[PDB]
Amino acid sequence: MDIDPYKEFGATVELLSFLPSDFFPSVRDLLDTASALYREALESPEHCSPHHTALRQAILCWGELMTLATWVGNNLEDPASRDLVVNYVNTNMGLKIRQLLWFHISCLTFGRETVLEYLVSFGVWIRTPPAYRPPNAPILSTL
Amino acid sequence: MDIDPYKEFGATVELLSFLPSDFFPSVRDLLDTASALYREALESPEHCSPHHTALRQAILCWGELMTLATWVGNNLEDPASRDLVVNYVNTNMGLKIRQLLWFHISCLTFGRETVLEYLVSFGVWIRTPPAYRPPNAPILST
Amino acid sequence: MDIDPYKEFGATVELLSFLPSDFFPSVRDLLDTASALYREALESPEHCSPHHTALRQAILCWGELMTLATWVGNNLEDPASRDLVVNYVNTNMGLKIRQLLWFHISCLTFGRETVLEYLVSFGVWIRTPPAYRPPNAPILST
Amino acid sequence: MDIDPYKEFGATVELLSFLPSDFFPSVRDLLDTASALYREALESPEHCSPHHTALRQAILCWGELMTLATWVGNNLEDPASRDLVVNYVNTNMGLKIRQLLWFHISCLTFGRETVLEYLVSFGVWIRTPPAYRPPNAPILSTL
Amino acid sequence: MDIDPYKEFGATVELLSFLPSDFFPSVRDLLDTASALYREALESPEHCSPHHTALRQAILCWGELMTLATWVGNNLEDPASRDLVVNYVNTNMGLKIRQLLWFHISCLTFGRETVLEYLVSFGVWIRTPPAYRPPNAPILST
Amino acid sequence: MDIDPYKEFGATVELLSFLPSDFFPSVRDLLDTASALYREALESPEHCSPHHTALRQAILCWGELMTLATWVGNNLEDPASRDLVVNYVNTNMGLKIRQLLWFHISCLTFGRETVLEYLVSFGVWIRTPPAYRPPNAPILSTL
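In order, the protein sequences belong to chains A, B, C, D, E and F. Position 91 (the first sequence) corresponds to 91 in my numbering; numbering is contiguous. Position 3 (the second sequence) corresponds to 146 in my numbering; numbering is contiguous. Position 51 (the third sequence) corresponds to 336 in my numbering; numbering is contiguous. Position 62 (the fourth sequence) corresponds to 489 in my numbering; numbering is contiguous. Position 105 (the fifth sequence) corresponds to 675 in my numbering; numbering is contiguous. Position 118 (the sixth sequence) corresponds to 830 in my numbering; numbering is contiguous.
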């Protein structure tokens, strides 16, 4: 089927799109911030929000990838190739895990509302030829 | 953090262990059955349930794997290892995705409780000395 | 337009897929069982139910096929191909008519819900790794 | 058993009989008009009327025939014969699908009542030796 | 994003289809008629209706084509190819611009309901073995 | 008849002119965004607003071009000429689509008024000799 991981949460991949690669922080730091401030919840037996759920679920798919790597490590041979893989994992696939981890964690910290609004305004901005883009981009805050 | 896929849904990685690895059916079949009776919802724009959410995501996770699985086969020159990876993805990672798709699709179909009851009800059979283990094992149903 | 035989009756061509082709019994038997417990109604002059209506029509569709099946055998001179057709009719087209007669006669007999539940309840079994698939498969009944 | 596809709908094959071959329009156009103005319904999960039901069911038997043809096409050999079949399909069998598609669609558009009445009066007419038949036949309308 | 220019006006492209393509009048004609009885409005500063709005925009899209059209014959040498373009424009596209301008100008003239009613009406009549149909096809009136 | 696509939206082509043409984002982008936040509506059987309507219809004129385009690159023999047309479309006609797509998507996202004001405002900035045209420029968003 065609599942947009974002509909549920009133967002759509096309929207969450305009956020440029450089925008999301490190998978680590993402993970890091999640455990830093949602661990307890995340660990707990309480689904805490469709948001929380997804987050766990993602924090997890990521791990599996980490292992796919660590095994491609002590298993794939021709370094050159065993490396081709490890980077695909570590990068492309990573970048994706980043959005997810971002979109969620952030909602968890400013609210689907605040987050979505941000996304909309960020777009507007980023969609602007520099010639007219205000100097600095729109940072996400709590208001 | 140590997040258990199954904690919030009343089960636990430990519990699911009751079920023998070679028992969850084919990812395909799982996907197949999901789209067969949840396409709609899954596709809906309203979490229909934590189960729904989970399932959606797991489906999608598997998906990413499949793409990695492809680009690997389309970017690893040396077959030997390309194939080495193209399987691990397609097989081991598969197991996990398999458990997930089952535990959730299964609940969506029969009910967390029923499902959990099943898991327990299954252990038994499976852990029962061959001497006395019924011909038919327990099976989920309505 | 893409009309699904089974949409209005709460199922769907996809769902019925759960059942293996070589599982619907013989057109005969179907017809036989229909006339055995619905001749009356089927023959009545009041739709007794959308199911009834459908069934009536499907019975009749099969019928037309059978006639085509005959006139072919009585009008195609070259056996080879005459026989070529006389089978396709009698066999492939048959499958479909078979599913139909079953899904409807079955509901008429046990109940859309029960029937639908059955289909789902069946998938399971069928999709269950041989290692653990019960001896007896699920079966409809009262 | 002896099922008259028309009893259900207070009609009988003998009645629906007098309608002459030339009377029904093309299977296509029938189909065409159905999709043109009942598609939605027809597609929908709602049985919409014993009428609708039958219609779907027929729109469908027709298709199967189309395929019986298309396969007799890329499968039957001796053209001469592979053609004998394709025409039986396309004609005799077709003419029948036509009535059905007609009788239903029409009720769906003027009502079992109006339709049946028409049929009765049409008969009367058509059953008349030309010597006495009014010039033009009775067309079906909404009143 | 599947968008049917006709949905919001209670009609559909498949419906507008029902009428034979050759039955819609000339872009010119249509155009001239819109100007004939709507210039004012179309030109007006207040959308006078979804119809007006659509119609307006439609007149304008057509325009851009007539332009693309020109610049082509005015920048293209290979006339066969230059003409291929210049025609496809005036044909396969016009036909659409044709029905679109008709569905709207006609609605603004007789009324959505009617227009719609007309469509089925004719469509059907036109497909009726003449032996049995009103003598002369129907037409739009207030 | 001289029809201004913008008149009935209390603005005019001559006004939008304030915005330097090179400033509208990509048709894609624009489309992408429209879908990110209006698909649902756009798609619906309810005219939702002059904006929605105009917009639906423009989202289409585009496609008609993208199609004339495709067909062109598939029926014109002489390539150089093919590629001539294929650009004048994909590029020139495009800008105009770009304008609409923006102007409408933009009002639907921030409001005819706002949108209108933006223009006048942006105008000012831009009209301003470099010597004095400030750092950031006007821009719609959520502060």
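These are computed hints drawn from the structure, not numbers from a lab. Keep in mind that the hints are not guaranteed to be accurate.
Unchecked claim - So the derived list for chain B, only partly shown, Cβ under 10 Å to chain A, looks like this:
#1 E157
#2 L159
#3 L283
What the hints assert, rightly or not - Far from chain D, some chain C residues (derived; all Cβ distances over 10 Å):
#4 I344
#5 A365
#6 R418
#7 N421
By construction, the Cβ of each residue, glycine as well, lies at the ideal position given by its N, Cα and C atoms.
Going down the list of hints, with the structure as the test:
The restraint placing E157 (chain B) at the interface with chain A is violated, with a minimum CB-CB distance near 13 Å, outside the 10 Å limit. Hint status for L159 (chain B) relative to chain A: violated, with the closest Cβ pair at about 14 Å, above 10 Å. Contact between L283 (chain B) and chain A, as hinted, is not supported at the beta carbon level, the nearest pair being about 22 Å apart and thus beyond 10 Å. For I344 (chain C), the shortest C-beta to C-beta distance to chain D comes to about 6 Å, within the 10 Å cut-off, and the non-interface label is violated.
Taking the minimum C-beta to C-beta distance to chain D, about 7 Å, the non-interface status of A365 (chain C) is violated against the 10 Å cut. Against the 10 Å criterion, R418 (chain C) stays outside the reach of chain D, whose nearest CB is about 32 Å from its own CB. No beta-carbon of chain D is positioned within 10 Å of the beta-carbon of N421 (chain C); the least distance is around 33 Å.
Checked against the numbered hints given earlier, the structure breaks hints 1, 2, 3, 4 and 5 and satisfies all the rest.
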